[PDB]
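**Q** Position chain B with the ligands relative to chain A; hints supplied.
Protein chains: 2
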Amino acid sequence: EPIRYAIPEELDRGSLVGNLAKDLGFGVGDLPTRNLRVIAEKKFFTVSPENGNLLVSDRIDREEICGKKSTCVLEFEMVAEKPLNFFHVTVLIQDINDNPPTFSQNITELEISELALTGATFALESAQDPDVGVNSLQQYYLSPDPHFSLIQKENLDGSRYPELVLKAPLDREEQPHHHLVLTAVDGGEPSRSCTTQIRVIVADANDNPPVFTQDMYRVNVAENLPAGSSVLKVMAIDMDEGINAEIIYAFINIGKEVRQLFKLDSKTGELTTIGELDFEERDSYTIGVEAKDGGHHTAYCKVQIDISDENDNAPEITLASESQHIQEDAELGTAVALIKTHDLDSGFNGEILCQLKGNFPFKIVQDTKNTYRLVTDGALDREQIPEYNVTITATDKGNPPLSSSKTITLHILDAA
Amino acid sequence: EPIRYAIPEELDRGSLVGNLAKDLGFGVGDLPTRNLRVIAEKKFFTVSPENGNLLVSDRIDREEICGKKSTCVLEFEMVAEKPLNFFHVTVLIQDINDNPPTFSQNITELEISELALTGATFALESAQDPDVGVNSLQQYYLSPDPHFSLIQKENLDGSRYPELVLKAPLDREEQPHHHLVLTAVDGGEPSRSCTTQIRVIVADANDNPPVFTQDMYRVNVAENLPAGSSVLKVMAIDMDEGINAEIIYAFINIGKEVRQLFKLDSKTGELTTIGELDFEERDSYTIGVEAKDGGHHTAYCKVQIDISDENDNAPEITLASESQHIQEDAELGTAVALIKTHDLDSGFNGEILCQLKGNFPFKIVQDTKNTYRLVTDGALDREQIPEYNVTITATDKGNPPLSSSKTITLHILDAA
Ligand SMILES: [Ca+2]
Ligand SMILES: [Ca+2]
Ligand SMILES: [Ca+2]
Ligand SMILES: [Ca+2]
Ligand SMILES: [Ca+2]
Ligand SMILES: [Ca+2]
Ligand SMILES: [Ca+2]
Ligand SMILES: [Ca+2]
Ligand SMILES: [Ca+2]
Ligand SMILES: [Ca+2]
Ligand SMILES: [Ca+2]
Ligand SMILES: [Ca+2]
Ligand SMILES: [Ca+2]
Ligand SMILES: [Ca+2]
Ligand SMILES: [Ca+2]
Ligand SMILES: [Ca+2]
Ligand SMILES: [Ca+2]
Ligand SMILES: [Ca+2]
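Protein chains in written order, with the numbering used here: chain A, 4 to 419; chain B, 4 to 419.
Isolated chain A, as found in the complex:
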């Protein structure tokens, strides 16, 4: 007595499903007497009281009636009178491929670190289809890209899900963004498909240490350079982004003498002077500079600062005699005083030009480069001139030249 029908969905109104009168055992000679009618809350089917045919009365949407279920049957009861009996009739609703697949969003972003090795797999969102059977069985395809390919796996139930695979190492410094196109096609008839774009954003990793522009920063400055003047400026380049690009500068293997003279800026990297320079103390400074970033990548170089000599030291005069006493009966050629000169500067700034200022019965005789002797030249007499105030002047050969004077008193004593 139970009878099942199998018709496709989305059939036009009035389509023939089956002759219930003949399939049960009725006859056109008794159609009006039994008065067939369908009893169901959903007016999906109707029975013609003329020939006993089962027709379609409303739109039969399998996605709205059954959803994602495999089988889809509609059970109702047909009522016949004289006598009154029940006739259970079931109608299987076949599924057609009338719904294309779809993704969650058209544009999907995916952040991938550039440290990802070749062969790394990243999960991609699958497409959904309200159909069932082969009409929902998706087949995923990816547009050709030299860096990415597609992996299509299956679950334990047979559904396919795509996964992105990396076949070439990523580099943000070469290409930070990639644009992919994923396509999903179902296995129904006709084949309906949809597309979606995948924007791969390459995340930055500290894959590049700082690099100085020069491995040696050499400069020459003056001796009396004012405190707080710019000496040079180191520069380090980092191709990364964010914390992996901020560079800090500092000194290495440095001493306290240098620490009180120079100062290196951590941010700008400009080298200045906080102390005083002196050529007579030190004429060269070899300093090492370290460059650090966020990922603790180090970069080392050397800085050499040469100092030129300036004429800032005056010539010094030293004298010595026999208690500043002279005998009036001394012969021509007798040494009376000894002159010693020296200058702390170098080059022509240290060369001293010694001479005698004023007229006196004495004469300066040069022995070596820095030694002189005050030799008598004229007459001496205590009764006439008892003392002489010899003034010695020394002058260097600098620019500007410095000088210094020193007067010594020489007494004249009686003869024997």
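A hint or two may mislead.
When chains are identical, the list treats them as one kind, so a pair holds in a single copy or across two.
Distance condition first, Cα-Cα at most 27 Å in a straight line; then the derived DSSO-like pairs of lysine-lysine [to be verified]:
hint: 1; residue 1: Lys266; residue 2: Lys236
hint: 2; residue 1: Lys305; residue 2: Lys72
hint: 3; residue 1: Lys236; residue 2: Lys46
hint: 4; residue 1: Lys295; residue 2: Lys270
FYI, nobody ran anything at the bench for these hints, they're computed from the structure.
**A** Okay, now just chain B with the ligands, sitting in the frame of chain A:
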């Protein structure tokens, strides 16, 4: 005439440097006549006017006089009178190892990332010594450590500088801090040395992805669960520190039906319900959960939520008859009305118990599980009782059980 002396430094006052009278060509028979005396701004040496010996007058510190210079000579002039002449005398000051080396600071920290490969080199600060020659030539030693060794290189001038080398990979999750001891010994006599501690702080890198406690979170909840109730709580463990340890939770491959029913917290990871559950619509939910951290390390699992059926649907009654008309001359056994019942619930909650309420000349006969027939049992007469109000009651076998009634009017017609 020029004469040079070579004496060590830090000699006691009055030590003999040399006999200037004999080394030049004088004689004890003429010591007081010439009256020897030293002329220098620094009172480092003196000449004895008795025997003509050159002695030490003050402390001679080579580090204070010459500093870091290789050679160290002191030039002065000795003055003799009757006659007056100059005698240039130089004294070379030999260096002794009377100053130990030293570092900048006793405690030195060094941050090293755990991603450092075996053999990585890290610069260490060198020790400084105010001495010169072999007295300042340092020899660095490192205490034995299973992870670190010492590399000793030399510059172009011969000075040694240490560098730390890594022979075993570092792991912050195993040991975040290391304590090293660096020792510097000079090549003088006696050997003076100093020590310094190096605190190596292992910087954290994303070397551990999130790990779920369970690969499957299965739970069973009721059907009419109130919106906003806790379902379960996923948990992911990350052994890293900082941004590399913060975990965010989200859904993957999810649909709109699920998105309007459940909600996953990104921070706490607690799963709640924002919609309504229904067993008649869907009895199982398989959801995938993704765990992401700062370094974009992914972790996937699955969550299955089973729903139990609740008796929240009342039995439905459907009736049909011959236009609600009965002939008074009907035989015992004639079908008058057809009863159809069904319940949306499952199990014993769907089993329907149909019966007739009130005394009537009718009887309910059960055909199948859900079909009944109202069969006459007694006498009928329109002149006496023209109509009957048959009330059919259906009740399920749930807890608590539901029920529904439906009264149909049956008219009695005359005979033929
Ligand atoms: Ca459809
Ligand atoms: Ca369909
Ligand atoms: Ca489809
Ligand atoms: Ca790069
Ligand atoms: Ca960097
Ligand atoms: Ca990078
Ligand atoms: Ca100067
Ligand atoms: Ca100068
Ligand atoms: Ca000068
Ligand atoms: Ca000393
Ligand atoms: Ca010394
Ligand atoms: Ca030493
Ligand atoms: Ca670890
Ligand atoms: Ca982590
Ligand atoms: Ca770690
Ligand atoms: Ca329900
Ligand atoms: Ca229910
Ligand atoms: Ca029920």
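**Q** Now tell me, hint by hint, if it's right for this structure.
**A** These are the hints, each one checked on the structure:
{"no.": "1", "hint": "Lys266 with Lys236", "verdict": "within (11 Å within a copy, 56 Å between copies)"}
{"no.": "2", "hint": "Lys305 with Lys72", "verdict": "between (76 Å within a copy, 22 Å between copies)"}
{"no.": "3", "hint": "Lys236 with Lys46", "verdict": "neither (88 Å within a copy, 45 Å between copies)"}
{"no.": "4", "hint": "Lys295 with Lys270", "verdict": "within (11 Å within a copy, 34 Å between copies)"}
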